[PDB]
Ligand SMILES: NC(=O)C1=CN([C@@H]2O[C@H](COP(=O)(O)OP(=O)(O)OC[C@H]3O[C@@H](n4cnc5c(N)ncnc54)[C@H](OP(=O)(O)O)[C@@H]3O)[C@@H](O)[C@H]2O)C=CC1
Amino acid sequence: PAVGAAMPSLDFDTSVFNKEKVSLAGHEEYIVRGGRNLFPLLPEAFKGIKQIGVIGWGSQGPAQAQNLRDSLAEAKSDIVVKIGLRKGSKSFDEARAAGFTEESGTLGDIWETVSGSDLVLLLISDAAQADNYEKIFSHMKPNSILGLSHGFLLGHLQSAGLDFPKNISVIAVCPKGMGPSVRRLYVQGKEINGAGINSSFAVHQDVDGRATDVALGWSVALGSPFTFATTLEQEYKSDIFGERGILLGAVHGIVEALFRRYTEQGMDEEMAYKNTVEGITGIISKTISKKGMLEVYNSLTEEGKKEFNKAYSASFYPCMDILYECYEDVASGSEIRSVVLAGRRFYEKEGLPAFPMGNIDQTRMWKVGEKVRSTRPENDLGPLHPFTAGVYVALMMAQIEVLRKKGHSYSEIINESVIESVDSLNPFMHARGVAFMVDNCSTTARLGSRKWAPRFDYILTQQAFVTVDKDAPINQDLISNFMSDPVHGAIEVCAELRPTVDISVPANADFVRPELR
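Which coordinates fit this single chain in the form deposited with the named molecule bound?
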């Protein structure tokens, strides 16, 4: 028991920024539109703060620190952005090459930074947080603010039965895109008004009433086109699930399964990759980003529309099966535990060898991807396969329904299932294959994709593809519900808030992780 879980739509109190109402399929929701002209409001937002500590130099570390180092800066404030790192760090400089040095008091030891900062940004590995939270909480300045970019720590603390220290404020600003994509559109927002990465914010513990505006100020400083409200609880349940879903894991498994099906049917290797990877990360991603899922179906031939329906009707439920399972593993705290233990396994213990993450793009189809891209003209969008579209859109709609029935706001659903996929991540796979997309994300996302991609491949091959081959009658209710689904109109409302510049991802990108350049 029982059946049904409505949408919680949280209302925040801001005194600095302009709270804006948004109607998403009849649901009231509140956001704050960012901009380079909102920067003079940052001193008002960051009162009581004298130093901001950026702990870590991974993916979000480099982007958030530099974005906060600017804007501040453009607001001429006294507050200092200081980087905290472990003694003898490999990503230490790096930070000096970016600008942060010992001489100017913008770079130093981790625990010197934590102790001397009013706002602490814990931008380190999620698993590292879980194994070192006590160590960090102890150094924290009394009556200060801890900022997170993910609710992973709360999920961990709840499993252990504990909570954050009650003497400190707990906030979160979570960019709904990868680290490199945060810095990359800013940059492209220094010239044009908008451009950035959509973010959610959470206020877990408010110690003195300053929390909301600090989180909002931090989000605007990053360049977030729109900042929507959520909780740490809702964030980690949707984000950890999201990366394992359509964002990385599911699209990978779907792509592997469809490629294998087409090659078994006689289609040559090179066209098979184009009909799967290039199509999804080409026209499909672009058509959804600007017109939505319904327009993907409409552009197809009458022969194609039937093919789309055959795929959707057969793929929707098998996709839901795994997504349903995955979410519940995250919500119960099983998956957070799994990530923590996997992080420990990266090193030798208990007489067993160390197991770092391996390469996921050395197999058959990704070498075909090398050959395809080597003679591919620039600005290529790929072919639109009707059957491929059906599967991918079914996967998208399955993810939406799961989160919908699990009581998430539409902004969270649309960002986690539609926006981040088609805007942020997919171009990276179009640029250089699956690994360039997955391994540029967080270690939690990377471990997540590797674990759950195989589950979608298997479910598609065992169930969805078998349904198509049995030539079972098309589910008329599924197709009818897809066409009339409230999300399609809700995505149109969201697409208005989208930064009106496409993300430019070159092959030899310098803004990516300093080991994939």
Contents of the next structure:
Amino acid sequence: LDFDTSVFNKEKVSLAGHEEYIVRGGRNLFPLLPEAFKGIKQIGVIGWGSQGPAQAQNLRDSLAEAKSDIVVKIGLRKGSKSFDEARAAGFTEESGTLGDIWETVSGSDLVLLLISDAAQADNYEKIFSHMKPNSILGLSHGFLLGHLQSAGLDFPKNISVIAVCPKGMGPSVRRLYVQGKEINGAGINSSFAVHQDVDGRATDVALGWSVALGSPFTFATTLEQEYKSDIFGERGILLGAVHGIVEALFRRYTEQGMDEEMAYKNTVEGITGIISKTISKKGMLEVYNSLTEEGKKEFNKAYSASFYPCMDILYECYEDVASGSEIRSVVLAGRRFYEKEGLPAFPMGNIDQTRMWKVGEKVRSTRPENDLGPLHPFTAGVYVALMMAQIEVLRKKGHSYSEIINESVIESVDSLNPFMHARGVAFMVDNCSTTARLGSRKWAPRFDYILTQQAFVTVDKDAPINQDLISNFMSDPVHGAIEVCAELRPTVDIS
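With the form deposited with the named molecule bound done, generate the form deposited without the named molecule in the same format.
There are no partners or other molecules in what follows, just the one chain.
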């Protein structure tokens, strides 16, 4: 995958023998932003929420640093409860930096559409109708492309469509940007895509946006690949699959006689604490190598039994995401949150009141400072098998190593898992983005059932270790690639 930039310097990286191009970020590049943003007088940031404030504040600061006259203007829907917050952050009608969504879109040369997936599905025609011909629509996630594709539609021919997709939560996008004013390499990495380029400006505008957000590295992808990776990934190891496997394991361990609190520690605590830390620092091989000789056998039993069951569900989920089925189901699900067709409304409920999450509350409330939990070898084998199976599905489905590793390993162990170690998995299932929450609710049960029906049955039958799986794990090229990619991480902790 190549791209052509007139403004920035393309650097090469090699992962498992596969070369990719990246664009290194840094404040020393800010003087290039006026050139990157030629033809741009106003950037309209549409929506507040999580990414809106972070991106608007970062862009504002970067453009000021660059001595650019470009105006960053927040556009909000009439029902928004975020006007006062926007004004408190210096985005105001008086200064020309806050307005109604439609007015704001109309005046913008680059429209950053940062409203919810559901709001995008409901509003795209009107958004398109308000945009200047030859202007640029920027997305920070590819949901809308997937939605249009599912309906046999595409974007209008008269606008460019680009994406800059940060590998971190909004608050971290802002936090690390401010830190980056002092610490070289502090910022949240992003990937970028150019879906349509109507006038030749799109690539430099995308890279300019990423650099101005403070991305220490910007990786190259396509909008189709980004949405498939993201929507599948959250149903996989990022959220859905981790919830499902921990329910399955907690049930198993307690069935075997383990005390509930210990069962929680050996499942949830271990995955989101010590296992995540170990993978973040030295990778998956170190998880196995850190075990006792006894523990290695247990790890291998779990991995050998769990790899294919996890792959079965991941493979199914990926194809449903790619085919249109899953995005269509998400769009319809959102519509069922309200009364229609004479039927009741069904907003999402909470998970946090079942057996293991009640136990988790107790565990965390008595948990010592900086406790990372026990490393249970069986739990480790299942979790690592899940990670390796997701990597393999994405590999065979044509994704780049940087995207596989950045979104399915690094962002998991460095961004999401630490968040989940602090608040519990239930918190995330109850409080994440709607599309991710729906995904977790739909697919967590699939992982629980397949582990329980197949993986655990294999272990309980005393099945022989599948040495093909184990040797493949130990020799997999991804481990070296993870080491290389892990060096491109931000220079401060991201969550």
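Positions refer to the first chain, counted from 1. Basically, rigid core = biggest C-alpha set you can superpose within 1.5 Å across the two forms.
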Can you tell which residue in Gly382, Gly194, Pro386, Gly292 has its CA shifted by 2 Å or more between the two forms when the core is superposed? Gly194
